[PDB]
Amino acid sequence: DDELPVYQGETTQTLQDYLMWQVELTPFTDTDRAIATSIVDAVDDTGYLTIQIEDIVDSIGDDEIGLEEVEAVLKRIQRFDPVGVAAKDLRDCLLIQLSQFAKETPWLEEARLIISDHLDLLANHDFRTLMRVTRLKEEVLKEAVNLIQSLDXXXXXXXXXXXXXXXXXXXXXXXXXXXXXXXXXXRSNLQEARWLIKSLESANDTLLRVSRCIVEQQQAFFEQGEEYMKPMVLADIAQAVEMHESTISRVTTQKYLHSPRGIXXXXXXXXXXXXXXXXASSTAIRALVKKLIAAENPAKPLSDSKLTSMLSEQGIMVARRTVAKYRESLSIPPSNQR
Amino acid sequence: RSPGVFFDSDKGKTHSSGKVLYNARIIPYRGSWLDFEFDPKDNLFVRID
Amino acid sequence: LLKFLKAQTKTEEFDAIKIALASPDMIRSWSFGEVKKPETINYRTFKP
Amino acid sequence: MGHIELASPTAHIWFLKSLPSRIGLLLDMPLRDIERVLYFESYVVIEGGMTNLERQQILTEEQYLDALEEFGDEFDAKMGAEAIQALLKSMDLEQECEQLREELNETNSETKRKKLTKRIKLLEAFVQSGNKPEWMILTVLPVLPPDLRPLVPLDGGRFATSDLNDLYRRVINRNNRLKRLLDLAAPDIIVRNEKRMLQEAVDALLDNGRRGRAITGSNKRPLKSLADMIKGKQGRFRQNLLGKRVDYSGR
Amino acid sequence: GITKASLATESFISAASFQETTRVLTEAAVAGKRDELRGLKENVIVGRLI
Amino acid sequence: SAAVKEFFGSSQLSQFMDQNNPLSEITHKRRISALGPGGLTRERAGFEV
Amino acid sequence: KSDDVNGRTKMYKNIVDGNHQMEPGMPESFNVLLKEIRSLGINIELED
Amino acid sequence: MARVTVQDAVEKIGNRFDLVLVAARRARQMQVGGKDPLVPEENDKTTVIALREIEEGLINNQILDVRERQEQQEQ
DNA sequence: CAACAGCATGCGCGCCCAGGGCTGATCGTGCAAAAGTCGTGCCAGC
DNA sequence: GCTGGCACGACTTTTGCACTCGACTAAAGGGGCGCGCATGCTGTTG
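Protein chains in written order, with the numbering used here: chain A, 1 to 338; chain B, 1001 to 1049; chain C, 2001 to 2048; chain D, 3001 to 3251; chain E, 4001 to 4050; chain F, 5001 to 5049; chain G, 6001 to 6048; chain H, 7001 to 7075.
Check before you lean on any hint, since a few could be wrong.
Claimed, not checked - Straight-line distance between alpha carbons at most 30 Å, and here's what the computed DSS-like set of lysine-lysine pairs gives:
#1 D:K3112 / E:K4033
#2 E:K4004 / D:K3224
#3 A:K230 / A:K306
#4 D:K3244 / G:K6001
#5 G:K6001 / D:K3233
#6 C:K2003 / A:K198
#7 C:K2018 / G:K6013
#8 G:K6035 / E:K4033
#9 E:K4004 / C:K2006
#10 D:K3017 / E:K4004
#11 E:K4004 / G:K6013
#12 G:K6001 / E:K4041
#13 D:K3179 / E:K4033
#14 D:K3017 / E:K4041
#15 E:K4033 / B:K1013
#16 E:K4041 / D:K3114
#17 D:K3078 / E:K4041
#18 D:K3224 / E:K4041
#19 C:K2018 / D:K3179
#20 G:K6001 / C:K2003
#21 D:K3244 / C:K2037
#22 C:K2037 / A:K75
#23 D:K3017 / E:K4033
#24 G:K6010 / E:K4041
#25 G:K6010 / H:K7012
#26 C:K2037 / D:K3118
#27 F:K5005 / A:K255
#28 D:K3114 / A:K198
#29 D:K3089 / E:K4004
Hints listed in this document are in silico derivations from the structure and should not be mistaken for laboratory results.
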């Protein structure tokens, strides 16, 4: 309705909204505005990625309209407010961000064009042999690299994500004797509707009792003090109150339990039974696998088979494949550096 | 408005003929209200809440 | 194949706004398909 | 937009309770009559020639047991709003308007000479108009586009339902429950109470007035409805109509 | 008598927005009347010159 | 507890204090209001009170 | 300068360019009203 | 040459509502393009230019019609 | 004893803010067809 | 010949209709007003 501040909206501006605003105000032709609108949607909240170019060209359905037309227009779009916008590959991002250094920057212009244009793939590790490639030495190259490292990446300045999306918790786990104890914190027609409320008010009091109950059984199923969490099956919680698996997983999926470590509520009931006599499921396998891979490789061992042998020494019956596959995942440099 | 017994003339601004219509309301601290009134035809009536 | 204009589709020039009862058939002409369930947005997925 | 399909066509309280009642004065019935017999109460005998009972009359349930006892068949009386749809469907506009104007010609007292002219100018409006009277009580209920019912997002996340959404949720619950009990082939009592409950629900989604209480247990307040939804002051004052809040301005 | 005389205006859009909206729109919906846009409030609400 | 801290928290008769001026403080803390919980909904009160 | 969305844009772009010309359209809030009356079983449509 | 009062240009064309139409149709030309002022510019905006040309009697509805027919005939 | 005209009571307009306030949860009940992922083996690179 | 990546399989997880009846004792509000229109009961005209 009106005359009050109903949550009508804010109409904030994202990056694509703002870029399109910036396109509205620039001297594009009828067609070039179609290519521009075609590119600004391709852009991402991350900036740099304008995804595939030749799909931008082919998306228009031929009829002339070469590659060069989208290329020029593309450059000009890449030139709008947040300096380096879009482009591709980060290389051209840093070349567009480097396009304006005012040209009055000492030593930076040339060196920066050489480093940023080409050979930047080898600049990851360190200088080393690159120092011999560009003939530079001492701090001449190091100061240019200070500028290159001073650039930042793409957009993510427009952002428009003021919403942190907090957790709000649901049930509090007051820590007891090296464990956890639940408390669960935080005329006649409508009169007959009043009655439904009595039932809703009676169920509202038991809503906390379900959280404290399932929470108590969840604390009894997995040891808190132990590394990760003891392996459990939904059949235990389904054994206690005799509730269906999907229902319990739904309650733990919706609500989020706050313990002293982890905010992480439905992950405390999901585990494997390992299917082995000698033995914390995949939690400690992948967790402690990445932990053992954290301190290792004095220089560049890059050996996942040695880590698989170390896992087999612990009595987990490693397959040298599964263990290495789960260990090398999630950004793990293992086996990649070989 | 304090609890206890109250009286009102209505100032005969209803019936357009004019009268004196004397109604008495009892006001508790918490509970129902009893208000006795007069009819245009001069009969006492009881209202509850 | 593109040159796609949302702004240009409605220039519609009218006179006299008209009014009348809506038949169930005309209702179904407006209808995009039926809403069969009361719930709104899933609280997990954060999708409708 | 959207739409929802109703089991038993009900309400549309916008007509009928906006005085005067077009459904009342169209069918030559008092609004206590039709208002009384929309939900529950009487059975609203319709049609059924060759008997004691007339065309538009009502009766008590005990009089219905006596009716089916004596007359049996040839008395057809639909208790829900379908009798208003049936009666309303069987209304023949041309002949009735004509004989009513003729009847007006020989009349005398100015009292009866007014009502009649109201019915002539009404029914005549339906003829020249081209609307079917049936349409007044509605079957398919259209639903309002999503973005103009926004969801009132909270402080910590976890969006809470707006005021107008509650009415749609409610109607949908009663529609699904009346459909479920209707397809179940169950007694007329409970599905009857479901017809009642759903006319209450749709009439509450179109106007939270019309009768009493409405509201909720939310701290209550009448809530708001699509009627109330009309531009802040229930004029189009606000928002439009001379009243835009505005740009390049300061103070 | 000036409120009677507003509500009785030929254009169903004005006078709907004056006072009584339910009533107005019901007379208009049943009757099937067209606005013609001939006065100043209608033109405003549609957004056109007066 | 929820009833008591509900009162003092939120209530028409518990309001934030006027803290500019001493005399604002004072005159806030001796004030007699006709409004609230106990009566005088206003706009409907009339011109005699 | 309030609810015409395409027309606010065109307006401001012409101003930046020195045109000072309006290109007025139809304000949102009318459109809304037409949906909200369509939400009762009344059609209101704009006839040319 | 800021104009405080339009009366002088209103005697030229009756009903100012007409003046405003003619003033702005003439000013539009100089504003957007494809015209030059008939009167020496005093640095003023184009609107005042137009009202001055109306106050001088150089421009009016008939004159703009004759110029329109002349420009359409010459094109 | 008939219909007709009048007096009266009730109901719905207006005025006008008024403030929020909220609520999220919940709950299940089977069974069954389809799919995400961990495990194991096979093939290719060094 | 050894390690790492990926393909194939099983499992076990994900996902789709369709119902379930329960019920209890309050919680309060609450000093405008006009204006008009309609319904209803009364009353007097013949």
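Results of checking the hints against the structure:
{"no.": "1", "hint": "D:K3112 / E:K4033", "verdict": "28 Å, holds"}
{"no.": "2", "hint": "E:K4004 / D:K3224", "verdict": "28 Å, holds"}
{"no.": "3", "hint": "A:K230 / A:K306", "verdict": "26 Å, holds"}
{"no.": "4", "hint": "D:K3244 / G:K6001", "verdict": "9 Å, holds"}
{"no.": "5", "hint": "G:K6001 / D:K3233", "verdict": "23 Å, holds"}
{"no.": "6", "hint": "C:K2003 / A:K198", "verdict": "60 Å, violated"}
{"no.": "7", "hint": "C:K2018 / G:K6013", "verdict": "35 Å, violated"}
{"no.": "8", "hint": "G:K6035 / E:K4033", "verdict": "19 Å, holds"}
{"no.": "9", "hint": "E:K4004 / C:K2006", "verdict": "44 Å, violated"}
{"no.": "10", "hint": "D:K3017 / E:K4004", "verdict": "21 Å, holds"}
{"no.": "11", "hint": "E:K4004 / G:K6013", "verdict": "47 Å, violated"}
{"no.": "12", "hint": "G:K6001 / E:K4041", "verdict": "19 Å, holds"}
{"no.": "13", "hint": "D:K3179 / E:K4033", "verdict": "37 Å, violated"}
{"no.": "14", "hint": "D:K3017 / E:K4041", "verdict": "28 Å, holds"}
{"no.": "15", "hint": "E:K4033 / B:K1013", "verdict": "44 Å, violated"}
{"no.": "16", "hint": "E:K4041 / D:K3114", "verdict": "33 Å, violated"}
{"no.": "17", "hint": "D:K3078 / E:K4041", "verdict": "47 Å, violated"}
{"no.": "18", "hint": "D:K3224 / E:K4041", "verdict": "26 Å, holds"}
{"no.": "19", "hint": "C:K2018 / D:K3179", "verdict": "36 Å, violated"}
{"no.": "20", "hint": "G:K6001 / C:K2003", "verdict": "28 Å, holds"}
{"no.": "21", "hint": "D:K3244 / C:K2037", "verdict": "37 Å, violated"}
{"no.": "22", "hint": "C:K2037 / A:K75", "verdict": "49 Å, violated"}
{"no.": "23", "hint": "D:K3017 / E:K4033", "verdict": "22 Å, holds"}
{"no.": "24", "hint": "G:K6010 / E:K4041", "verdict": "26 Å, holds"}
{"no.": "25", "hint": "G:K6010 / H:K7012", "verdict": "35 Å, violated"}
{"no.": "26", "hint": "C:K2037 / D:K3118", "verdict": "43 Å, violated"}
{"no.": "27", "hint": "F:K5005 / A:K255", "verdict": "27 Å, holds"}
{"no.": "28", "hint": "D:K3114 / A:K198", "verdict": "53 Å, violated"}
{"no.": "29", "hint": "D:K3089 / E:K4004", "verdict": "34 Å, violated"}
Against the hints set out earlier in the document, violations occur for numbers 6, 7, 9, 11, 13, 15, 16, 17, 19, 21, 22, 25, 26, 28 and 29.
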